[PDB]
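2 protein chains.
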Amino acid sequence: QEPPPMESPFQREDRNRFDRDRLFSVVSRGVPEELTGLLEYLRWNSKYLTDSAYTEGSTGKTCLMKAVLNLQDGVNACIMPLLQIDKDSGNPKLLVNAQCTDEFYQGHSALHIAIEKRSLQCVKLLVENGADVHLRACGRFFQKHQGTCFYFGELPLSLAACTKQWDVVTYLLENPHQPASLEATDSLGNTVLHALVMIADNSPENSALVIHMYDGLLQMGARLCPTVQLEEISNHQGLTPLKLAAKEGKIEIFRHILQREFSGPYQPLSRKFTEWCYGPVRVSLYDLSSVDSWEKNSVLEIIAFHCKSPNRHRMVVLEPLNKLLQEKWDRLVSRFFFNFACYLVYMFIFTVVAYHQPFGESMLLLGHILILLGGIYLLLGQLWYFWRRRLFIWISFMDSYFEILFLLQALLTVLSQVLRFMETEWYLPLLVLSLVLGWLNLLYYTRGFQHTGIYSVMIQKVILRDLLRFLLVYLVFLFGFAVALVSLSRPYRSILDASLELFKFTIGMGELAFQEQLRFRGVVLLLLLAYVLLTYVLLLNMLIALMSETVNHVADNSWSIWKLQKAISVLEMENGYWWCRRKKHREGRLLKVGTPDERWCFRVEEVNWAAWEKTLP
Amino acid sequence: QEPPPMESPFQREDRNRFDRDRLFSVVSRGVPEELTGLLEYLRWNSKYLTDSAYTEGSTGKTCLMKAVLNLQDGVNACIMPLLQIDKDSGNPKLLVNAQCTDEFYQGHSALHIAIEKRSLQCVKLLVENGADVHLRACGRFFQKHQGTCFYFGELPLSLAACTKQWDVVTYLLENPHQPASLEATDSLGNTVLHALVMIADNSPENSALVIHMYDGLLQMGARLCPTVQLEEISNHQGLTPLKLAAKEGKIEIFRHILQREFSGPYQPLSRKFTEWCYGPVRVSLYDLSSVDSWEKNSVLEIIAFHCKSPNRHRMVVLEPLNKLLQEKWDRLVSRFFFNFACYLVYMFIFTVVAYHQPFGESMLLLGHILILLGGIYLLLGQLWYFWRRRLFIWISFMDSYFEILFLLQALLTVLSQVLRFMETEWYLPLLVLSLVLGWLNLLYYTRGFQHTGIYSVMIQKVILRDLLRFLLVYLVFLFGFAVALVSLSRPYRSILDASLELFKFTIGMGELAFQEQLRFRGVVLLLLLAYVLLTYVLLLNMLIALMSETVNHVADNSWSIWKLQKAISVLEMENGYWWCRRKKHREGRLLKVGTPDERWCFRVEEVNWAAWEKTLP
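For the protein sequence lines, the chains are A and B, in the order given.
For reference, each letter of the first sequence is one residue, going 30 to 45, 74 to 415, 429 to 560, 589 to 693, 699 to 720 in the entry's author numbering.
For reference, each letter of the second sequence is one residue, going 30 to 45, 74 to 415, 429 to 560, 589 to 693, 699 to 720 in the entry's author numbering.
Note that the list lumps identical chains together, so a pair holds whenever it fits in one copy or between two copies.
List time: in silico EDC-like cross-link candidates among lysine to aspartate or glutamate, alpha-carbon distance up to 16 Å: (1) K304 x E358; (2) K353 x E289; (3) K717 x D258; (4) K201 x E305; (5) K365 x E305.
For the record, the hints were derived by calculation from the structure and aren't laboratory data.
Here chain A stands alone, though its shape is the one from the complex:
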């Protein structure tokens, strides 16, 4: 059963000497003179305007939403006599503080709909007669999910912020009749700034509008409550608006919240400090509070193992993240090469062991013990990895795959080794399969070099999205045709003993044996020609699918995702090995910039000829 509308000129109301529909008609018309006589009736039968009779059936909406949803040029004259009458009624459950009691509109205020109708005088009239701005609206429609809903943080002030209402925000934020506290929050736990970073998008102009609303609100907060700082207040998720806007991966609002500058007044409420400019070069101290890797939950670790959004790589390229990333990589490239050397010597010992085994006995025993210990060490490394990042396979199936190959290579080689300790055979297929998956596994380390990295990040995503599709559309029809030909032939002794020569005939080297002894030479031939034409058809469909991506690809994204994949290396690399915990090198410099304020900053030296020339007349 669908939820009813909160208002209609056609769908009146359900039910789930004046009357209720009489009151609804007289408030919907806006005439204020048929309201007379109602007060004496209300005193006569001892009833309230929020009581169960005159209210709505399922939504429970009282008459004031009907009042404010009929505002002729934003004006209704009916609200004030209703407020005066209900004040004369003497009601504990205040009509001004009415909330919609439906599940779909839980706690919805008259004030919210007054904000949505954008009549500043009606909002002023509600707040001057005893409203409350701390009435959240926690219906599931008001939350964020897929479909027809609208999330804005459930607060009247936040709803005022989402709809450009500068004047209304000012008339709410400091009126002495009910102060609208800026650091109030929602039922989800988010603040108003978290609501602004939630409602954003990736378009150039909506983002700019949210930015203008955001820094207007931040200057207003700096003027109102300078003792508290709105930037670091964390939600029920424990996130700053920086961290939350990172987690939902909105590119432009992250860019503005990272780098920004306010001169003169509002100067300590910024995260960029210019040190010296000299022609085209410019050195400015960027802030790095709560973004350095030293802290427990940085923006780096959030953008590494929490975000699910394909703009993530364009998160990374912008300063000051990439400079700090390169500094960490300059610190860690030697230990990365040490891990390279460890893996290479383990691999060469494994390849030597895989040749001569089934003074030679001494080195063979050496290789046996060394591969056993290397497998156990690599397996414990993979176990501590998956203990740490538990949900990452449901974050990035298509980026955790080298970790999967590490894990399966280690477990399969130790399974082969314990099968060697067993008497039973089939240890050689497991050993050679472990060698093959390891030999293909020597491609994560190509992450280290830019020369193979730029050339190598382009393949894996586009191949894994469609090669699996091509293989699993083809295997089913190959099975069906093999069943068909083993039915008709009844070589072709078995189904797989047909599918083998069919697959090798697709390659073309491996011949398939037609039979001229049976009468059905032409039926077999025609069936095989049908196979040929359909295989060519699905092959051409794969080709067209790839020629989509060969024109849709943009080469800047390759550089972007290569730097991102270096980041996904360097966070794990910085965390260090499981068998030796790592002292975390504190980044940035502690420095006096404000007042008795003190921040960690970080210098970069950016040069841009284009902007510097554009300065030059």
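Use these hints to put chain B onto chain A, whose structure you have.
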């Protein structure tokens, strides 16, 4: 350890009755009235303002850079009392002539930073009280390298030129208190015009700005010192700004310095002279001083065997270079065909020798001696080539490759011939390999024809950039799979005795022999199917890599690089054979154009309907 900033509002200073920090604070505020009493203290303890106490720690920067880096609307009132006080101090090491003694800012002046702050009154105040404009600043930051640096030629005047400061250039160039000589130079050896051609780029508008600054400076030089000519002054590299801008290959500034015209006054300071115009056709005498091939270091030889920049071919197409190139090619096409005939008859004799050898003895001896002498002559030709152009393989690996094929063909055929004189065999593989590399080597001569040239320049670059990548990603995994299958099979007697049928199976003609005797039929089959899928994957990655270039290619560049490759033929062809030195034909005509001036000019007849119509109203 990172070098410190030269200025900060936060990072005060290291150290590596007034005080030093007191002086720094009072000059940074700009207040001029707490400066009193300092002179008596300076006379009391007998100290100078550039002495080791009041200076900076490592940078050594004195107080005047702190003064000029705090210029309120370009104005500071603190400079004059400091200059008066230091004049009263009686200091040999003059504060006005202070230089930063750091390595990173070696010899940096106060005047340079005054120029960068663009306050003409402060620069005037420094120069009127005893500055020096011949104080170069030769820090490594001030030179040109990769990273965060800024090169402008290290001179105050050159730094004034790089930042559009017309008024400041005029106030420096002729003030009678210290003349700024225009023909001064840097520590690298470059002039101001060399700095302007160094700082340029390929964009349309930055180049135009540098052009306007350049010819403004050149007219100013023509007015100031007409006895000297700024155009031909060579640096420590021995280059004109023409030659230097060629060597760094900046396309637009080369175009303007080549063709330019000034009417009325400043007429002899130009390189284009219009002879007669007639409708759409126009004949104008271009200058060719220091660009003809007769001189020792022309722009042609520089653009042939010194430039490392992929805009080089667009250097070539523009007039008057291409007309002079075509005239030289019209002079040399007959001797080019003579070399063609020599190589063809040598090849046909070689192919005849390669058939019947291991009256017939007479012609066989004839062919033996003739191939020996042809190989020795070609080898000495290649030796004199690599004696001449020593660094060209580190200039163009991807354009010297035909010369490499010439060299290897000659040395391999003479190695085969001396192996024939030896008793020992394997001379026939060397002979047939020399024949094959020669037969593929008959493609440089396709340079001569436009019909095969336009069709043939498109292949070599795009194929050599990625075919090597495809081959060397494939060989390693082929080796790994061969090791895998010789491990599992233990045919497959050897690793190469598996890789051969794997490679021929990739072609598909050459069968590979699976084995049904061993139990691991399915493991071998599954491993081979894994090989098939990965080989198809890397093949598709190659295909997508080539479909990048099939849309990125622009057909004008083919014509451009074909004319460039004709140029790289014709310079070497004009130099002549090693065994007969060549008289260099003087180009151009000696002619009277100026006053008692006399230049070599060169006529072209250019027609352009579009510009001629655009003239027509």
